Structure formats: C-alpha cells, structure tokens
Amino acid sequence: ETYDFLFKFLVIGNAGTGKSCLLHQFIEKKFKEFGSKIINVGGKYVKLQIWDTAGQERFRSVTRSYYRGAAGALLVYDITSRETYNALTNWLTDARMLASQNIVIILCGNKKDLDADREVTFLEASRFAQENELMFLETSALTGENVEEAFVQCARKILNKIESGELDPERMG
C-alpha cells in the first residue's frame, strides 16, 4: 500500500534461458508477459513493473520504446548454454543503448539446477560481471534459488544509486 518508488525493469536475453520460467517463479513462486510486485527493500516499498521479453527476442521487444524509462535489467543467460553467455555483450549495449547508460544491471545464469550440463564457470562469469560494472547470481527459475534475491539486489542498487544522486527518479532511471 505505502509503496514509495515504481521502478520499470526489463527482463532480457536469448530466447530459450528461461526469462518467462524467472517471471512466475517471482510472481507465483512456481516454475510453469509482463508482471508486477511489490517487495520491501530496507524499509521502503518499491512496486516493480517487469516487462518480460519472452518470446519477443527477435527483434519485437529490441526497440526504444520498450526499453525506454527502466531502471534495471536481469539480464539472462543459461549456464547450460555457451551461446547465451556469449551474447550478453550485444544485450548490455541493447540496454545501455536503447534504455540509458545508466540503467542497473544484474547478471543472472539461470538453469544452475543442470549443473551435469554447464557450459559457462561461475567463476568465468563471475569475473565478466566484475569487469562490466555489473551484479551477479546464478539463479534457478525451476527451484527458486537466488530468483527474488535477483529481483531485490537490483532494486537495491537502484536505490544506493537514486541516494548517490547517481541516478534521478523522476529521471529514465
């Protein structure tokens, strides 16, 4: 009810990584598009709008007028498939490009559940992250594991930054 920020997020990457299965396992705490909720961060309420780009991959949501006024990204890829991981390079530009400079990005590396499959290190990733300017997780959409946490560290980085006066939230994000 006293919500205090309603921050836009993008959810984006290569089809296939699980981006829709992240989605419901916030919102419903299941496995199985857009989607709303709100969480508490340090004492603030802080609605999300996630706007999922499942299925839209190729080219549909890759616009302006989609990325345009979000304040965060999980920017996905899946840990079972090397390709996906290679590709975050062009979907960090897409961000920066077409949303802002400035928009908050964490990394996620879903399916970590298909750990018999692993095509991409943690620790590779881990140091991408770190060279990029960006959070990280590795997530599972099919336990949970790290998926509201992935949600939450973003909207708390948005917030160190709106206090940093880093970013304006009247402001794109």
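Rigid core: the largest C-alpha set superposing within 1.5 Å between the two forms. Numbering follows the first chain given and starts at 1. Compared with the form deposited in another entry:
Taking the core as reference between these two forms, the lone member of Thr121, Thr143, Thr63, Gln49 whose Cα moves by 2 Å or more is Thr63.
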Second form
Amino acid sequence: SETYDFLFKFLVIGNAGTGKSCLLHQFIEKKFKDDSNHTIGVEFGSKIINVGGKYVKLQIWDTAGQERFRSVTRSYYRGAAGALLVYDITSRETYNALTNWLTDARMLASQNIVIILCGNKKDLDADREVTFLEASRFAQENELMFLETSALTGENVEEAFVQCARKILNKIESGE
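Given the form deposited in one PDB entry, corresponding form deposited in another entry:
The next block holds one chain only.
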C-alpha cells in the first residue's frame, strides 16, 4: 500500500569488521544485532523515509568488506546513487584503507554518486585510534560529509542515511 516518490540505490562499503551490516540493521530495525558475522556475498535492506514530505525508498546493498570479495563488491558501484563509506574508529587500518575505497568509487561509480563518511563504533571511544579532528580534515580534503556513528546505540545512523538521500535530492533539483 505504501508508496514513494523516489527510488535510490545505496551501498554500504568499507573494510571488513567495520560494522556495515550492523549499521543497516540499526537503520531498518532500530536495534543492535550482537551475533553479526562476516557478510559472505551481499545483503539487502530497504526503507521508505520522509524527506520534506517527499517519500524516498532506499534500496540498500550491504557489501562484503573482506578482500577476497573485492571484485564482487566492485560490481555494485554501477547504478548506485549513494554510498555510506564506513571505517571503525578503533582500527586505524580501516581508516587507512579509505583512500583505496574512494579510488574504487572514482573509477567505477557515477561521478555524481554521493558518499557519506561514517566513523563507526563511537560507543567504543575508550579504544579510539582515529581522532574526530583528523578524520574531519580527511573528509574535508576529499569533499565528503563526515559523521561518527554507533550501530550499537543508534547515534547518527538515521542521520547518515537521510543526509545521503537529501544530498541526492538536492542534486536532482539544482546544479551540477
């Protein structure tokens, strides 16, 4: 019965272990799933959101982060309008991988894809390995909006997905 005015394909991308699957599950179900294991292929969720009285259906591909699946994950960029690019604030390696993820999206996605950078596991701040300020500098240098999120608590998860959609809606309306 429920309709929508817009349909967008999104990805969730980033190194294994960063919390991609937990982020999608939090956005859709509003709970932390704590038995989550490695995605061995691709998972899907969808949700309709209300953006200013416009209903936007998000079709979201939660991709495998393990290196062994990289050629598979790369096949998903085509047709994606938006992506959440995720690292783990407690794992510097996952943050150091970000340049490679952005190189992939530059080569394989639409030049107009909207990417939101998510520093996840913010609830694990006592084990932080990446500063807010330093990630903020990187995002700015890369023309990306940046949020710290927690799949566990929900902090900024709805905001990340909604803002990706709002930025795509803005492109549709005006400019580039």
